[PDB]
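Below sits a lone chain in structure tokens, taken as the form deposited in one PDB entry.
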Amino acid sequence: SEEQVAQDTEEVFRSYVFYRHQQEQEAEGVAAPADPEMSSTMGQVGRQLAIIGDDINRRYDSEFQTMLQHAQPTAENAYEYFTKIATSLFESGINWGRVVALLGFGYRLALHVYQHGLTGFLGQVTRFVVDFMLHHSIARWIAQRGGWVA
């Protein structure tokens, strides 16, 4: 439902910005001594999306191979199938890559505003995300595909 995806964002986004924060302070070289590492459905969605970042093409590159594996392009109908995909990178629309990029924008929103802001800005950013997603048909677009579990 459109209403269900709206509230599932609260856990998906918080689980996204948390794991996005754990990797932005990863090592640069060999890692210092670290303690041993010794989680709902929407909580794990934030983790799977937590990788990538600016290299959203790594999702597109993987989505290329899987799309080249789905329709299995040939050389007979290639030029029609080729220009259609190439145009899909610049056309207006909503794909899974652009949605994750929206989450990453919320990470840069919650993070970069905490530094230069009067308060800790975690709760006020999920508000910015839910309002924007619900309006610009993103919540409906995600809901019609089954939900965040995708």
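Residue numbers count along the first chain shown, from 1. For the two forms, the rigid core is made up of the largest set of C-alpha atoms that agree within 1.5 Å on superposition. Compared with the form deposited in another entry:
Core-superposed comparison between these two forms: the CA of residue 96 stays below a 2 Å shift.
Once the rigid core is used as the reference frame, the Cα position of residue 113 differs between these two forms by less than 2 Å. Relative to the superposed rigid core, residue 48 undergoes a CA displacement smaller than 2 Å between these two forms.
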Contents of the next structure:
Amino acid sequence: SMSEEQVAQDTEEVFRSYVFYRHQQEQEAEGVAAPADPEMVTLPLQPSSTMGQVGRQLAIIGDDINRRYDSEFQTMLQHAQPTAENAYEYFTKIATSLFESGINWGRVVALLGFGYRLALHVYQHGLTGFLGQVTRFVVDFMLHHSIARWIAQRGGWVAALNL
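Form deposited in one PDB entry done, so how does the form deposited in another entry look?
Next up is only this chain, free of partner chains and other molecules.
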């Protein structure tokens, strides 16, 4: 049976695979795509692990709700221009607002997308990459805000792929 702690550990692996595949897809597009941090563009050590495959599948859903979340995150980041010095507080504001009226799978996956976009943003304008920090923000938020528990109740991260 799936524990909240196991879900929290799995979140790091899901997120790292997710960001790799999000940026792979972004390059396969029109335009050049913002440069990504070499860490974000490094293939996971075990891309075919269960959590690697979950992150991959979540990144390649191009349904309308995911594209809507992504566009709104982009717009917010372009306006707010967070930096490495204030990205923690920015992340906490956006994530807390997103879940304030409840948890659902679309919002869980949207938080991975926001982490991807926040890490990519800070890298552009910043002195270096910020992927490890954003990973900690996402993992810790999901644990503290009872999202890891919510996922565990539903069977763990693999349940994000169910219809």
